[PDB]
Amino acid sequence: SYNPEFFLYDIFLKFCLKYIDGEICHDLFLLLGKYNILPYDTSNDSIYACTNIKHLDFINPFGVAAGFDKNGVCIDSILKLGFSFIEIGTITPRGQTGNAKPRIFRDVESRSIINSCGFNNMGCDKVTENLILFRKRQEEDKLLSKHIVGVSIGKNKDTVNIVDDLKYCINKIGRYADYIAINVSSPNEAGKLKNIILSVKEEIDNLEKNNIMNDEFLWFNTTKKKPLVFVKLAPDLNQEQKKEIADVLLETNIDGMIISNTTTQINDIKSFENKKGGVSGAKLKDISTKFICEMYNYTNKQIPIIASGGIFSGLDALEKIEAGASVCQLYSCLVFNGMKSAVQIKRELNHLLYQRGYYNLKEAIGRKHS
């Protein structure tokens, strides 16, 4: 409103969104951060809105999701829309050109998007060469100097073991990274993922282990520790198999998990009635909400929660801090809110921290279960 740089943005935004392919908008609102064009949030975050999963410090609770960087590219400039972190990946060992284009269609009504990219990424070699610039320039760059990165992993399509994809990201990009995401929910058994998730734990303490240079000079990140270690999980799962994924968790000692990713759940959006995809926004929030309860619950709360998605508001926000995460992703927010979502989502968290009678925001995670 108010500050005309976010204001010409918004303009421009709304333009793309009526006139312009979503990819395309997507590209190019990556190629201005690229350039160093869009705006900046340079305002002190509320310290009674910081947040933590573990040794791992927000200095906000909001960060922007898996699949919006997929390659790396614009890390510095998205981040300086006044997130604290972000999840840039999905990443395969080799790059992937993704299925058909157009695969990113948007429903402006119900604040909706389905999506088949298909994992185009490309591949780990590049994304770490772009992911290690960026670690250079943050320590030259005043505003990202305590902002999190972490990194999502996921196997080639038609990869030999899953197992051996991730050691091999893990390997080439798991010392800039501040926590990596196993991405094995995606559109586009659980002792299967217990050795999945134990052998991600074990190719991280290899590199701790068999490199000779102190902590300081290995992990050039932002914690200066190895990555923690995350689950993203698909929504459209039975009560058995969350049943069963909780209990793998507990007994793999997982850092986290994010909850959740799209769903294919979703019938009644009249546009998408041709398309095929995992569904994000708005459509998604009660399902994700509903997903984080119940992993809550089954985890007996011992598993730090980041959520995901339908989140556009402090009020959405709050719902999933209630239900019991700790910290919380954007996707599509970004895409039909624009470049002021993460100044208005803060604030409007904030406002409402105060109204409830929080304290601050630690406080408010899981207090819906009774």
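We call the rigid core the largest set of C-alpha positions that still match within 1.5 Å between the two forms. Residue numbers count along the first chain shown, from 1. First, how it differs from the form deposited in another entry.
Of the residues checked (251, 141, 129, 205), the rigid-core alignment between these two forms shows a Cα shift of at least 2 Å for 141 alone.
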Contents of the next structure:
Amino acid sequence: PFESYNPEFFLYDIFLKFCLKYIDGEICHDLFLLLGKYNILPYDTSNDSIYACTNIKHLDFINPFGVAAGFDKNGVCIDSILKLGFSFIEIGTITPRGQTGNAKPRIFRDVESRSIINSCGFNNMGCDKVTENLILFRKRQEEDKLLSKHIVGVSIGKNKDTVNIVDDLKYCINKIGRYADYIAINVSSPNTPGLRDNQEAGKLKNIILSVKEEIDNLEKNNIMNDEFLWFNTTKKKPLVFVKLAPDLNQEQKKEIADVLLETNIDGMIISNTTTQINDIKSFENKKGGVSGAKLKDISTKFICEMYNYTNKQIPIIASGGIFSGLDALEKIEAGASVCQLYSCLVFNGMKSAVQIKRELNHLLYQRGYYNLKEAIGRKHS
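The form deposited in another entry, contrasted with the form deposited in one PDB entry above:
Here we give the lone chain, stripped of any partners or molecules.
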């Protein structure tokens, strides 16, 4: 861990736990984003093992760890976050018009249980301004050969007061879609009234098909233009993922799986935050969704259920409680092709990607796997 740029340089751990103990979470997160905006975060100088690469269709992840949605909501420090050692980032969730979200305080951390609860409310600058931030990343990427394989997806949602979610989803596709490697459809935030109701099978089917049709029309209507349409990493139209909430009964889970099979979604993000956790004293009488270690078992079990309900035909992006290489292998053996981190960055900080990639690599050795892909879904059978 040699010199200031190394993500494991000893000072970052001391700065981090001082922050966790004494500094409001909103301030800590703004500080992290400030360091990133001015490109003074440490960066991972390692070249990733080829034996831990993974793919979802034509998306070739250089390593299996990305940053989950809601961390860089406005796409203002994509480069710096990726250079910590992540292979991709999901920016968003964005909405057509900007919004400041719900009233504060709305973030609360519990270091002891490595857990967060939040009622943020899709605070973002709006689709149009976030699109400009992503365009600036894409121009830098075009000229920095070292970012040319990193992936950026965009999570899209609805403004709090919109009546038909589909209008807002189409609006985002038509402005930011051409710059995205994939689109994550967010029907699972706990903090926008009515949003989770769109996980009902009938509504969800119409949402998926409208989104895919809007993406396919983007292509049709611009194939012939002098500027190439897909200004992203893949140079292809974005894949479509759905992000699911873990607070569903089994019948809802089965009915959603049937819809995902029929609509040919490209992947599912399992899962968003949970409202079911009642046993954290810090968070008593607090509203919102719980992230972190106490979401791990819940979301891993959800991965197993959905891998089997979709008969292993729908690739899985794992989110929830991932801090260690063992955590990550649990998600992968459960059915996931790739992992997203959020809480790990809050409680482990700058070394998050370095550490968990090293832990996973050693673990793939100790368990005799030739590569990560061999481990996907191996819990089953």
